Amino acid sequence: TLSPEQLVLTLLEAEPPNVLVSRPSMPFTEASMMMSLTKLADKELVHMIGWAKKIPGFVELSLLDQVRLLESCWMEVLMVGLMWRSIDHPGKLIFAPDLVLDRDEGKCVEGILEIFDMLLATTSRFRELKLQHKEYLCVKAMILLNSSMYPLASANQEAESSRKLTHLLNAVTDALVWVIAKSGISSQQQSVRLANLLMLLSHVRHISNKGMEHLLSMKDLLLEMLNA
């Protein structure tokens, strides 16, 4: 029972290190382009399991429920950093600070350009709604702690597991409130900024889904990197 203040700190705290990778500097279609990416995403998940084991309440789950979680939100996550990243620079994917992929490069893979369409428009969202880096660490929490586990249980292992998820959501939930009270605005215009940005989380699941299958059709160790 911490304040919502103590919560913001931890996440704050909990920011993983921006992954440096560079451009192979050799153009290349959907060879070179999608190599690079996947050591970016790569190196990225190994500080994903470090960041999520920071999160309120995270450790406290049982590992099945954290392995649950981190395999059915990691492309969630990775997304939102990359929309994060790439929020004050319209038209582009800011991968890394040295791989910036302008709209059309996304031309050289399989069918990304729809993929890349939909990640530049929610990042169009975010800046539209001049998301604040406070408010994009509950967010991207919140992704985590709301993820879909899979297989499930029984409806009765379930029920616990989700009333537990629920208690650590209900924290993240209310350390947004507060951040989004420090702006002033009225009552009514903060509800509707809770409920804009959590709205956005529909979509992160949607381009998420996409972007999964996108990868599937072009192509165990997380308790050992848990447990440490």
Contents of the next structure:
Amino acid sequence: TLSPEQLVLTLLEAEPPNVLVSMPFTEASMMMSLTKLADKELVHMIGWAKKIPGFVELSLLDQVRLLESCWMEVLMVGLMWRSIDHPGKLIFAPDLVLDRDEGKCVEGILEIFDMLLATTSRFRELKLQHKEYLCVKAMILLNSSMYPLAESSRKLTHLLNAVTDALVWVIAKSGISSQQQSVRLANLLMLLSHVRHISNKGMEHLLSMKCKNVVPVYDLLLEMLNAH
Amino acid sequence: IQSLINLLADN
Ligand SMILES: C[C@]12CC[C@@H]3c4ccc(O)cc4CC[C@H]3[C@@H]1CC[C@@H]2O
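Structure of the form solved in complex with its partner chain, given the form solved without its partner chain:
Whole complex next, starting from this chain.
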């Protein structure tokens, strides 16, 4: 056991490096930029997970299944956080900032953009804090959603409980009423559940784009996509 | 080029 403040500071220092992706958009080139970006981020995501304390003490199978299960949710919550103070824009990366209307370039993606933007808008209205963001991204990894994946399982429960306790502690510092602290926690958790659903949609869409030969999918992103 | 398990195991 770390303190909740020690835990949150470990999550801060775990944060991955930022990545850059690098003609006007076609369906093809937009998906190329987005898939290129996702693949680079995935590399850093594994290193990030390894810095979440306890994560590397889990069985390797659990480590693998946790990342196969949550990687798209983690990409998406990162995106929402980068975008939180810019209504109508998705800040995918520096030099890849997309207006809502640019979803019209890719078949099916505008529905997903709007869901990502609406979720980002709820985080903005909630005034999601830096400390809360760190906790929720870690909770997503550690299977707050409880997707069905003894010692590794017991450890995992401990780790998720610790990050939940830290989020509760962060919320308590806000000084708002106990009733409002409970409602805030429920709202954040129901938002995580929504991100899971957007992730399922995203996965579907990417598998469709791959199938229709709209975009090639290589390497780590291919590996992670092959698991769904 | 580097896979999930290699990324998890190494460094
Ligand atoms: C997976 C998709 C491409 C990669 C996109 C991405 C790429 C990078 C990132 O940090 C977040 C997201 C979320 C939306 C993702 C898209 C949803 C549909 C599309 O296939």
